[PDB]
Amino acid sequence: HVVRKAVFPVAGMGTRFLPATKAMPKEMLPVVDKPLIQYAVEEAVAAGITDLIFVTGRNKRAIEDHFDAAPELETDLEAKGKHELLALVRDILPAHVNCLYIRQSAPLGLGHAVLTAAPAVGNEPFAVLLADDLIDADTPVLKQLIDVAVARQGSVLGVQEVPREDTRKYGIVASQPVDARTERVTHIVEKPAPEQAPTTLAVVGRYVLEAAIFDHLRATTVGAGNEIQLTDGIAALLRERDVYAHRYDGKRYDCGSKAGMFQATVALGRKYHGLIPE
C-alpha cells in the first residue's frame, strides 16, 4: 500500500473571489507571498508525493506557468547576485517531482474532477488535496493521512468538528471511533442542512483514496447543488470498502471564502513574516 501520486482539483469557477479570479483560479490566490496551491503542493511533496496531477479549467496556464520552470527568470536572477531568491524559485518544485495537466470538460462537480484524473493515476491509491483548505501543521497533514491508510488498508479523509450551522458547507461523516483520532465512516452526506446533518464532523479537503473510487464515480449522479459530488462517490465506495476519518493534527483555514483568507493572511503573516496589524 503505497501513495506517490496526488490530485489537485483547480478547475472550479471561483466566483466568490471576482474580480480577483478573472484571470486565475482561486487556488492561485496568494497568502502573503505564496499561492494557496503551492502550500498544498509543499505538503504533498513533504508527504512523499512524486507525481502531481492538476485538473484545470479556466486560466489553465496560470497553474502551469507557476510550476513549470522559467529560465528567463532563473538566468536573470542568477545574474544580479540574487542567489537567495533563485533557490527560492527552485524550492518551488524539487527536481524529482513530475507535474502533469489534465483538462476537465466542464465544472460538473468535485467528483467529476477526480474522475478526470483516472487515466493518470491508473490503478493505485492516490491523494486529493483541495488547496482552498490551507492547513498549517507541524507534520504534513497528508503524511498523517497516508500513515492511516497503510495501517488500516483503506481510504482516509481528513476531518474536523465544525459548527452545526455550517454543515451546508461540508460533507458530513457519520462514524464510529477506532482510536482517539480515527473513526470508520459508515455514512457521508454532502452539505446537509444543519437540522439533518447526522454529526458535526466534516470533511476537509485532504483525501487518500483507493483506486476503487473511480468506478463509483462513473456511476455517480448529481447531488448537492446539482453537482457530481466526490462525497457521493465515497458513499458508494463505502458499501464495498473501508473508509476512515482522521482528526489530523493541524490548523485549517477556509480560504475558499474571503473571511478565512483574511484570517489566513493575518495569522500566517505574523507566524512566518512578523506582520502585526497596525
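Numbering follows the first chain given and starts at 1. Here, rigid core means the biggest group of C-alpha atoms that superpose within 1.5 Å across both forms. Compared with the form deposited in another entry:
- With the core fitted between these two forms, just one of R90, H187, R168, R181 shows a Cα displacement of at least 2 Å, namely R168.
- Annotation for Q196: C-alpha shift of 2 angstroms or more between these two forms, rigid core superposed.
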Contents of the next structure:
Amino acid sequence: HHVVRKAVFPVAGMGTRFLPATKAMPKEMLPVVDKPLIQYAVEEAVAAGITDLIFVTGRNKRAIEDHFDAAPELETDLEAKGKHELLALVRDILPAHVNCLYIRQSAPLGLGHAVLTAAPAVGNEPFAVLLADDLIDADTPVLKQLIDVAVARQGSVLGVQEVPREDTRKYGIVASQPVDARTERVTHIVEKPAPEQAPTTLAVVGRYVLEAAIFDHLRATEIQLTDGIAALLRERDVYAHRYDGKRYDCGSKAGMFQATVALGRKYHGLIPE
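Show the form deposited in another entry, please, the one above being the form deposited in one PDB entry.
Only one chain is given; partner chains and other molecules are left out.
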C-alpha cells in the first residue's frame, strides 16, 4: 500500500539571475502573469491528491508564508465589497482539505539538503518533491502521473523527459531499462554529462515521488539529491516516467519569459504586440 499524501516544496531559491526582484522574495514567488510559480506547483500537487504541503524556506520566508496563510483582513474586505469571485480565488490558494507547514533549511546546501530538512514532517511515508521553477502545463497533473506509477510498481519515481543531446550538460541524466511504453527502471544516474558522453537523453525534471528510505542516504552524503537517489538505487526500486505535459524551465530569464508569453496567451488571451 503506497499512499502519497505529502509533498515537499523547496522555496528558498536565491534566483540570482532574477535579482533585484528576488531581493525580498524567493525565486519561487515570482509570478507568471498573475500567479507565483509556487502556486502552480501547489495546485498540481493538490490536484494529484496531496493534502499535506511542506515548504522548506530560506530568507524571505514570509513572502511564502503570507501567500499561503489565510489573510482574514483581505477576505473580510473583499466580502464587504461583494467581490465573491475574488474571495473564492484567495481562499483557493490553500483549499480547506489541505494543510501546510514551514521548515527552515539551515543553509543553502542544495536540493538534497532541502529534501532532508523535511524528514521530521514526512516520517516514514513516501512523499513528493516539486521544484516550482519547472512550471508544467499538463492535461493530467504530472505529479498524479508519477504517483500512479509509484503506487502500481511500488517504488520511487522520477519525472523525466527527452532533451536534445546538446543540452545534457544542463541536467541529471538517467540510464534505465524499459518496463512499459512510458516507464523505465533506473540503473544509473549522471549529473551534467558531456553531450558526447551522456548515457541517454532522458533528463530528470523537478517532479519526484520518493520513498522515505531516501532520507538515510542523504544523511550519509552542496548535497545533491542525485547522490541520494544513486545511493537509493542500490537498496530499492527507482523508476523514471516520461510524463505527458509541457515543461517551462523558468530557471532562466528566457525560459520564464516564454512561460509568460505561452501561458499568458493560453489562460489570459494576452498576445504580443
